[PDB]
Amino acid sequence: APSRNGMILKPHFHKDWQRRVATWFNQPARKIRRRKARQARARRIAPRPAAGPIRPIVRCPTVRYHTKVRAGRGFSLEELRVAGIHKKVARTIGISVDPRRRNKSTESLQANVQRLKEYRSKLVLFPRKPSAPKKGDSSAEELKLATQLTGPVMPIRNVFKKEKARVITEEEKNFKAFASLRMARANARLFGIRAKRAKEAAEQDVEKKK
Amino acid sequence: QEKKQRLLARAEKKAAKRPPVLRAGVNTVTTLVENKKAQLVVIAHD
Amino acid sequence: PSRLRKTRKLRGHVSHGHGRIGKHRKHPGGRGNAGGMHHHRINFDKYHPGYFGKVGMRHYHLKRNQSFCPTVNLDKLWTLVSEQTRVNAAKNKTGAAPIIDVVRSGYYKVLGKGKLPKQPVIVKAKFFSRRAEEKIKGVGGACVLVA
Amino acid sequence: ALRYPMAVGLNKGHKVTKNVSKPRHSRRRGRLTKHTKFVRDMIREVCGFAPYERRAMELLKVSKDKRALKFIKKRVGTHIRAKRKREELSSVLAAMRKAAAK
Amino acid sequence: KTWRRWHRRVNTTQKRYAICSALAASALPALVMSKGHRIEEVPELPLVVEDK
Amino acid sequence: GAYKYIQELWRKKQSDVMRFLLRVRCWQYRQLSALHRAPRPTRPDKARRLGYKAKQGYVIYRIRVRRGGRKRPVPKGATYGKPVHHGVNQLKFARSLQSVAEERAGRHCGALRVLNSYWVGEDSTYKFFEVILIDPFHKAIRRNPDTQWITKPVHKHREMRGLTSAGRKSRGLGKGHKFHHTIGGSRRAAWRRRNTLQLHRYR
RNA sequence: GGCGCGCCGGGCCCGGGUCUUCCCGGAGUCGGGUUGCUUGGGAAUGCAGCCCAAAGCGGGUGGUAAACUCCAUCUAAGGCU
RNA sequence: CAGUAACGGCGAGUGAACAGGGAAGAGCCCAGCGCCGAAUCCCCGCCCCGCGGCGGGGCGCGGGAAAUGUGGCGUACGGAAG
Ligand SMILES: [Mg+2]
Ligand SMILES: [Mg+2]
Ligand SMILES: [Mg+2]
Ligand SMILES: [Mg+2]
Ligand SMILES: [Mg+2]
Ligand SMILES: [Mg+2]
Ligand SMILES: [Mg+2]
Ligand SMILES: [Mg+2]
Ligand SMILES: [Mg+2]
Ligand SMILES: [Mg+2]
Ligand SMILES: [Mg+2]
Ligand SMILES: [Mg+2]
Ligand SMILES: [Mg+2]
Ligand SMILES: [Mg+2]
Ligand SMILES: [Mg+2]
Ligand SMILES: [Mg+2]
Ligand SMILES: [Mg+2]
Ligand SMILES: [Mg+2]
Ligand SMILES: [Mg+2]
Ligand SMILES: [Mg+2]
Ligand SMILES: [Mg+2]
Ligand SMILES: [Mg+2]
Ligand SMILES: [Mg+2]
Ligand SMILES: [Mg+2]
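Top to bottom, those sequences are chains L, G, a, i, C and N.
Just so we're aligned, residue 2 is where the first sequence starts under the authors' numbering, counting upward by one.
Residues 161 to 176, 184 to 213 in the authors' numbering are what the second sequence lists, from first letter to last.
Just so we're aligned, residue 2 is where the third sequence starts under the authors' numbering, counting upward by one.
Just so we're aligned, residue 2 is where the fourth sequence starts under the authors' numbering, counting upward by one.
Just so we're aligned, residue 106 is where the fifth sequence starts under the authors' numbering, counting upward by one.
Just so we're aligned, residue 2 is where the sixth sequence starts under the authors' numbering, counting upward by one.
Source of the hints: derived by calculation from the structure; they are not laboratory data.
Where a beta carbon is used, it is the ideal one built from N, C-alpha and C, also for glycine.
Don't take every hint at face value.
Unchecked claim - Only pairs whose alpha carbons sit at most 25 angstroms apart, straight line, appear in this in silico PhoX-like list of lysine-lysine:
#1 a:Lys27 with L:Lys177
#2 L:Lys69 with i:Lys35
#3 L:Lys69 with L:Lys118
#4 L:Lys89 with L:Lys130
#5 L:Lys145 with L:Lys165
#6 a:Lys138 with L:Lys174
#7 L:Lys69 with a:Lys110
#8 L:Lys174 with a:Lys27
#9 N:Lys179 with N:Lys56
#10 C:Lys120 with a:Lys27
#11 i:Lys84 with i:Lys103
#12 L:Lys174 with L:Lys210
#13 a:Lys47 with a:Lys64
#14 a:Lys110 with i:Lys13
#15 L:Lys163 with L:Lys69
#16 G:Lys203 with i:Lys35
#17 a:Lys138 with L:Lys165
To be verified - If you anchor each label on the Cβ, the simulated ranges turn out as follows:
#18 C:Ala135 with L:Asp17: 55 to 61 angstroms
#19 N:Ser187 with L:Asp17: 33 to 39 angstroms
#20 i:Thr79 with a:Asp76: 45 to 51 angstroms
#21 N:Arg67 with L:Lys37: 39 to 45 angstroms
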């Protein structure tokens, strides 16, 4: 029984909603429990990075977000192989791997290969038994100065290159951008049916040149 | 126990050629049949 | 606060703000938005026109990410870049023209609404409008496409 | 003229340099290895054909390709599986004709 | 019920406006004695002690 | 290896070799009883690819689920209510007869654990399924590391939580866009996550 | 109780790169018809009964049924965490 | 995301997912294809040790399981041999 003027609406309370209501009074108890667990884990993996493994530059999928770079899941096998890192040694020295990632470009692959080489420059690998160092172990000067870095290890921020102020060529001042957009729209829309009409026209050229 | 005497033989012989045999089992038999390393195949009927 | 509401002033008054003749019964016109075609016809004609019925094509698996293309105007095109780029471009006599990347700001399409100040520009957008492009050209400037 | 990279059009998209790696080893599944072809031809020489495909081989022997295709399309499923099974029965029946030839 | 809206949120600049008014009215000696603090022998009212 | 030939031979089922074999097996299985132990699997290759390693402690049963749909267990006609729920005769049951087979096999043997199961025969009025069963308190099972996962209390009566493959096929799960009404742990967990007000502290 | 450390008895005698030759996959299941339930899933999203019931450059997915033709993407019908 | 796409005497009502940000984060093993003299597993008896999660080592011309297939390498991220 609605009043004079006002938004008619569909409230989804026609079910029994009071029996299933999740209230958040343990929100700060949950936050304290999580940060107690985070401090306990971050001190039990004692010099290792608190954030976990390293995760690659990877680019968000869709049309809304492909200008943005995120931190992804794990380094691809192609990336690990170009960086020389064995796919089972990476998870031990602290590198996240997923086998599912493709590589369809070269710019992203070289970005991740550079990131892996930068990580292998930065990390301090302690010896396996401390009294007996080995060849692939970092030196005792920086074994003493190694510690936990907080935050994501080598954080990923979205850097935008700056293009300085050019003068404008008259080719740039005579590029017709709106007509070029609409003409590309029309060509990509009518590409197929023009192909079949060229097919039928050439076939009629066939049937009455033969 | 024949393999046990053979292993004791080579053990104390080192501390001091295999003969041809049947090959049982339908898996091993059909593998060497389809690789043609057999010469006769006896097949149980039941 | 229930200190300030209406049910305090309505103590003693027998009907509590809902009349003696027509009482406060439970649901006299149906639950919710009921009786749309039948007996609230005048409300749904006088206040929500166009409500009943279908119009247009059904798109099944819709994705706002596919249909995403936000807009900037020429009136706020110069907001996107700092003030010292404007005053260096006006101060400059060598004819060098600054490059406004609108996709870095996050707007895919340049529309042309307002006056644009008389400085040569290079607007590096994804899509353009005809009036946005021709106002950029008439000021002097270029329209660069980036996919 | 200037060809800018455009969001629409027939060659739309940001231009990136497509590298060429070998395709992943999940992709080769069901490529016919010669050993499984040998096993499968041995099994067919043991056990022979089904009744619906025998009746389809009678229709293909009388060369009624349309009713043979409609028959296999009903009694198998999709039209793609119908075409594939009709053409392997045509190959089987041609091999039988050549076996009767020489 | 338990799902009464017990908690209220305040805008951050309102909270900071309030913290600045609370600090700035703790220097005006009329506004501290009216709050009631027996204060007449304090040497100056923005009272600063050396951080020893 | 022989098992490739055995699986292609079992694949060809209207071949008259396999029609003769499945017919004579189905005759014998109808002459036998409903829930009886088989001494060794009838399809060793299918058993081995479903989990059976022929060692001590694995048991094959051979069980007979009666074939058909599911008419509604109500008195004479008489579902007392609205005409949507009037129907009794043409109703179908949510779980496969293979899962019902594993269910009553693992009910009849409660000391054992249903690994998986497979098909052996059918006729008009019965279907026959052979069920693979692991005895968890045997030490050839309990000392082997990659099969002592079955000996834990979480895996108690898999066939009744619906966790074997014949039970997982009836819960409507798996990756995809086809399986949106199970995202979460299950279908009920999907529904329960969707139909709750998350009334926050600060709203 | 666990993290520290020593001694005995016992296990394993393990790896990586390149080149050459081999080898590679889960069936009354997939899928189709029909019927009933369920789904926001609409010429049928999922589940099940009955009937048909495969393939191997195959097969599934590519939110409007179907044919043709390119592409893209995974590898089902086994299992643990 | 979204009371959206969609469903619904398209009436009342119903109604997800992708993408993005976070909590957390971990991967793996078979069957098959194979190659290794079944190289494998259980149980009984004795000797030593330890024993209130019956376990470690040795000896049994001790008994079974298993070729209708156990163990070792190997699983789609390919893998094996030389
Ligand atoms: Mg009123
Ligand atoms: Mg009054
Ligand atoms: Mg009133
Ligand atoms: Mg009254
Ligand atoms: Mg009234
Ligand atoms: Mg009246
Ligand atoms: Mg009311
Ligand atoms: Mg009326
Ligand atoms: Mg009703
Ligand atoms: Mg299914
Ligand atoms: Mg029902
Ligand atoms: Mg149901
Ligand atoms: Mg319904
Ligand atoms: Mg698998
Ligand atoms: Mg799986
Ligand atoms: Mg599980
Ligand atoms: Mg909104
Ligand atoms: Mg109506
Ligand atoms: Mg509902
Ligand atoms: Mg998401
Ligand atoms: Mg985090
Ligand atoms: Mg293994
Ligand atoms: Mg083996
Ligand atoms: Mg896989």
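Hints, one by one, checked against the model:
{"no.": "1", "hint": "a:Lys27 with L:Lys177", "in the structure": "68 angstroms, violated"}
{"no.": "2", "hint": "L:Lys69 with i:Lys35", "in the structure": "48 angstroms, violated"}
{"no.": "3", "hint": "L:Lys69 with L:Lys118", "in the structure": "23 angstroms, holds"}
{"no.": "4", "hint": "L:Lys89 with L:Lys130", "in the structure": "21 angstroms, holds"}
{"no.": "5", "hint": "L:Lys145 with L:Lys165", "in the structure": "45 angstroms, violated"}
{"no.": "6", "hint": "a:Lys138 with L:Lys174", "in the structure": "7 angstroms, holds"}
{"no.": "7", "hint": "L:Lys69 with a:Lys110", "in the structure": "17 angstroms, holds"}
{"no.": "8", "hint": "L:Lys174 with a:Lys27", "in the structure": "72 angstroms, violated"}
{"no.": "9", "hint": "N:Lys179 with N:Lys56", "in the structure": "40 angstroms, violated"}
{"no.": "10", "hint": "C:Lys120 with a:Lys27", "in the structure": "44 angstroms, violated"}
{"no.": "11", "hint": "i:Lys84 with i:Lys103", "in the structure": "29 angstroms, violated"}
{"no.": "12", "hint": "L:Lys174 with L:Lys210", "in the structure": "48 angstroms, violated"}
{"no.": "13", "hint": "a:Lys47 with a:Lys64", "in the structure": "34 angstroms, violated"}
{"no.": "14", "hint": "a:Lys110 with i:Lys13", "in the structure": "16 angstroms, holds"}
{"no.": "15", "hint": "L:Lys163 with L:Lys69", "in the structure": "16 angstroms, holds"}
{"no.": "16", "hint": "G:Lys203 with i:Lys35", "in the structure": "16 angstroms, holds"}
{"no.": "17", "hint": "a:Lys138 with L:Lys165", "in the structure": "20 angstroms, holds"}
{"no.": "18", "hint": "C:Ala135 with L:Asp17: 55 to 61 angstroms", "in the structure": "59 angstroms, holds"}
{"no.": "19", "hint": "N:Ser187 with L:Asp17: 33 to 39 angstroms", "in the structure": "21 angstroms, violated"}
{"no.": "20", "hint": "i:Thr79 with a:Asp76: 45 to 51 angstroms", "in the structure": "58 angstroms, violated"}
{"no.": "21", "hint": "N:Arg67 with L:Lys37: 39 to 45 angstroms", "in the structure": "57 angstroms, violated"}
Against the hints set out earlier in the document, violations occur for numbers 1, 2, 5, 8, 9, 10, 11, 12, 13, 19, 20 and 21.
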